[PDB]
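A single chain, nothing else alongside it, follows as structure tokens in the form solved without this ligand.
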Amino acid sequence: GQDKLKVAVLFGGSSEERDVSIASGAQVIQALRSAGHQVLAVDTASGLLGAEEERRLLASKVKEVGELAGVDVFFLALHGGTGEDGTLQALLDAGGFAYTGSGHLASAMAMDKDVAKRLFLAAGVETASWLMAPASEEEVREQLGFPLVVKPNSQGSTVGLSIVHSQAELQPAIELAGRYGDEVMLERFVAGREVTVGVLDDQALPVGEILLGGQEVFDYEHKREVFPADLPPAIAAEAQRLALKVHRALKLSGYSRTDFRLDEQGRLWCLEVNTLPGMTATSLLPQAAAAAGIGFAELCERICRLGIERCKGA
């Protein structure tokens, strides 16, 4: 009961992002089509896909490497830095193009884990103490302690991350993280449960928990999902309150996913916020939307219409 859209679904990106991005793009195309919208498939490498290319994209779920008129919005089905660093959002802002998710400044600030954690604190959102390399042996032991996490500041997740168990592992881990990024974070590790909060428009979705068998640091490094998570209602409500504060503090738009550590004393520690969380039917934010009665196709459409209305009011 609402006018149908012409959506261009953008996917692809760098080689390390393509497999996740291609799988998401195909699912988003099919979902918006089942809702009756006209969908165009665009690869960041080859451009607009023809009937044969799109047929093989929607079949094998893989793709190897002035006609966008009437397109109401660009659905950014990207993953990692290609969609997070803000370059594409700024380019689309220049042309008056409508797109999904956060804008250039909001995306770039969220990809900078260091700057994002500064803004968490300024918004009254607790976050684990951290230093940026270089850091002396005294600063690390005084403010962080061991064990601690070393990771590149802006290069996605997992890649280049390692746990520092003592002062003798700090410099090797910094060198390892330095192979993937220019800046390196030294973050205090918080033992506890892994909790995530999706935000859609201006409402927080049901809280979820990611359970790798354990709460110590071996589990964090060597990594079921419960929506809604098994949490005392006050703790779940506080994670939702803080996720909304983080969403507004970074001036995000459309949707976002904020990760927390929940320690044994019941206090939430904000890790990061993703402006481009995975968009498949089984991804974290779509799972949270399902716990609120919102299917994957309705989620993709709502995100499309949120991006349209943002471009209108700019």
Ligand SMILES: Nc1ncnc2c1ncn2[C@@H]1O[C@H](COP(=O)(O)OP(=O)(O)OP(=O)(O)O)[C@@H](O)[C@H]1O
Second form
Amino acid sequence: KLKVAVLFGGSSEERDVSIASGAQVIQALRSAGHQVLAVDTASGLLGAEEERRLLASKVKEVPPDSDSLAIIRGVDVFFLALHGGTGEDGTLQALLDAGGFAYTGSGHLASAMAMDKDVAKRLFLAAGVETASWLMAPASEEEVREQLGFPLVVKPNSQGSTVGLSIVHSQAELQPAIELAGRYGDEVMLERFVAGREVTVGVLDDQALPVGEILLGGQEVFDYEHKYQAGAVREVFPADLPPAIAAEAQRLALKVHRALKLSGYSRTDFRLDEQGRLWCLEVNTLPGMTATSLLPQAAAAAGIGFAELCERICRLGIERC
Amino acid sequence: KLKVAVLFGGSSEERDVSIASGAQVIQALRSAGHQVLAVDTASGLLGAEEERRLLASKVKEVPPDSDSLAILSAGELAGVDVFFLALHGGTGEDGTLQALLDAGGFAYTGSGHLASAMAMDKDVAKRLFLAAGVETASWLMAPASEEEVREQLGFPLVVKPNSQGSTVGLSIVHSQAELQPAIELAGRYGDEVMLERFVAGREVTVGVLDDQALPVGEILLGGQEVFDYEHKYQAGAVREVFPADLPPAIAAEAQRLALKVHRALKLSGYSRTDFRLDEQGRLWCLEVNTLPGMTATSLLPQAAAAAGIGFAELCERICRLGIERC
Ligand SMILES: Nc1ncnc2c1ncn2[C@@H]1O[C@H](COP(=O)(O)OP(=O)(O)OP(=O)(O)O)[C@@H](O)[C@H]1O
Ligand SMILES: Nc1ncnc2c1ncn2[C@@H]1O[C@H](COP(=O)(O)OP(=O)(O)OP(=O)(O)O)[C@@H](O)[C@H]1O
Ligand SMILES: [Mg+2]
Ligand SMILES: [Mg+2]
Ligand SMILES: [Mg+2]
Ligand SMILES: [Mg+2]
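For comparison with the form solved without this ligand, would you give the structure of this protein in the form deposited with this ligand bound?
Below, the chain from earlier opens the complete complex, with every other chain and molecule after it.
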């Protein structure tokens, strides 16, 4: 049995998602007989009552934002149940490196690269993984019409949970979308919109897990509400895909994981067009672990229960560090 | 005037180079009237006496041995406007220290966490070079089989650590039998090892200061295959010519490519990009350095001087670019 500190919370716009991931991981690791310290990185160690309260606090319909978030802003292994910001972009990983601490997920370079959607997409192309055309703001509206056209997606280069993201259907929607994305980070991506199906591939310990599909119905994007509200969307693992397409999504996800030098586990997101082509959006080094999240379902479809998933992640981190 | 803490020394194999860079920066910023604190990151804050002692230490012909290397906000540092990072290699240059400073809310010089980590990873940097339209020699990462090496790289080839500086750990391999000993050597100096095609020809370098290229420099190697630790840091060991005696279109192309590299890796403040110019006139980008040497024999200060920028002014400008970024 291990002594695990589960770090969660943080000060990114994914703080509420992180609280929920942390609460599931804490409960699972305790159920497997480990000693677990619950650490909200915004405040410190929690006692049993505060910790029972956080296990009951479900993600809300909008992310923490504006003034509310501004106000907030012997262990064998640190389980990083953070998402976004310094917890995911390599900053915390470097700090733990410097202190000689073992932790879960990817190292500091890998985490920084995966968080920079632009850089990651250059690396996807270098690894033979197809990805949609993109520009970084500022781009003249002339350059946008010339290279991407509409519809397109505007998104922060380094968010999660669909924070700051808009579909832009015409020139008049473009500036407001860029302004919105710029409230959530310093770089902003404009990316060709890929119509089609929403697919995702988890990786654990350099093996692909069963592909999952998110059934969006009429929605163009998979948004914060549908990601985290129980029952909001049907998510199917293994996805109802032709075997060759599912195999190709798994092959591509492992190529991405290796190209970015990731460790432990990851989750890669794709859009699948009606012509059968997969377009890689991004990869996540600290994917969500909430009760609605995608990676636990991929693991369960592989025959890996949630406590075992958490334990295996811990051991992979110890082995790496 | 600024209050600057110059961080130097460290624990990488480039420690002696960093002591010399830090001594240069300290004296230059003092000439310009700033208040300068000298911090050896391996020990702590230095006094006037040990400044003279430690800082006068000269780079030797060989780097420190493994055994010797294995051997902020506090008091005086209150009110520091910027940390001038006079470190080279290791955690000082690979993004680790930059992330620590980010977490503490401190301003510092050079590039940020991601940019520094990428530029240090020679492999990743070269993938980005190609993505930006910057030519770079073919490479494999160890292990590579005899067939892979023979088919894709050929001999001679270069073996080097993926993340060193100062030509530490690097060998020219002339035949298959030399390959394993070179990989083992490079693996004493980091975790990944690159096998890169050898580019015969001339040795060229381009400094960048805040999104402008500086005059190109050439290092005249004589018969030597590579520019090594001894010849980098012993005064007058090689001639270094700024501006280089190159056809102007070749020098202009080297500057264009260096700026593309600097922008592609999201660097800030300054950098120095190294190229080999092959015998057919084509430039091959080796790497970019986010914390290039600043010693009295170093390349970046000479490129700045050729641009009309004295060393104290260069150091001040770097401080202000770091403060602006942070
Ligand atoms: N180019 C695109 N084409 C179509 N849909 C897109 C595109 N980019 C993003 N989306 C939609 O927006 C959602 C979020 O985008 P993306 O995965 O890039 O960002 P994220 O906020 O980092 O996601 P996560 O919550 O997985 O961290 C996607 O799941 C998809 O529904
Ligand atoms: N592929 C190559 N072909 C020819 N010479 C090479 C090649 N790679 C490296 N060299 C030689 O080795 C030297 C050091 O290589 P490189 O610049 O890649 O490493 P470094 O140790 O990071 O250097 P620096 O001291 O600039 O940090 C070069 O200046 C060059 O003389
Ligand atoms: Mg994401
Ligand atoms: Mg996603
Ligand atoms: Mg170098
Ligand atoms: Mg070099």
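Numbering follows the first chain given and starts at 1. C-alpha atoms forming the largest set that superposes within 1.5 Å between two forms make up the rigid core.
Annotation: the position in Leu271, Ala35, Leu49, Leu284 displaced by at least 2 Å at CA between these two forms, with the core superposed, corresponds to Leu49. Comparing the forms between these two forms on their rigid core, the Cα displacement of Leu105 stays under 2 Å. Annotation: Cα of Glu16 displaced by at least 2 Å between these two forms, core superposition. Superposition on the rigid core between these two forms places the CA atom of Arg241 less than 2 Å from its counterpart. Relative to the superposed rigid core, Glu139 shifts its CA by 2.9 Å between these two forms.
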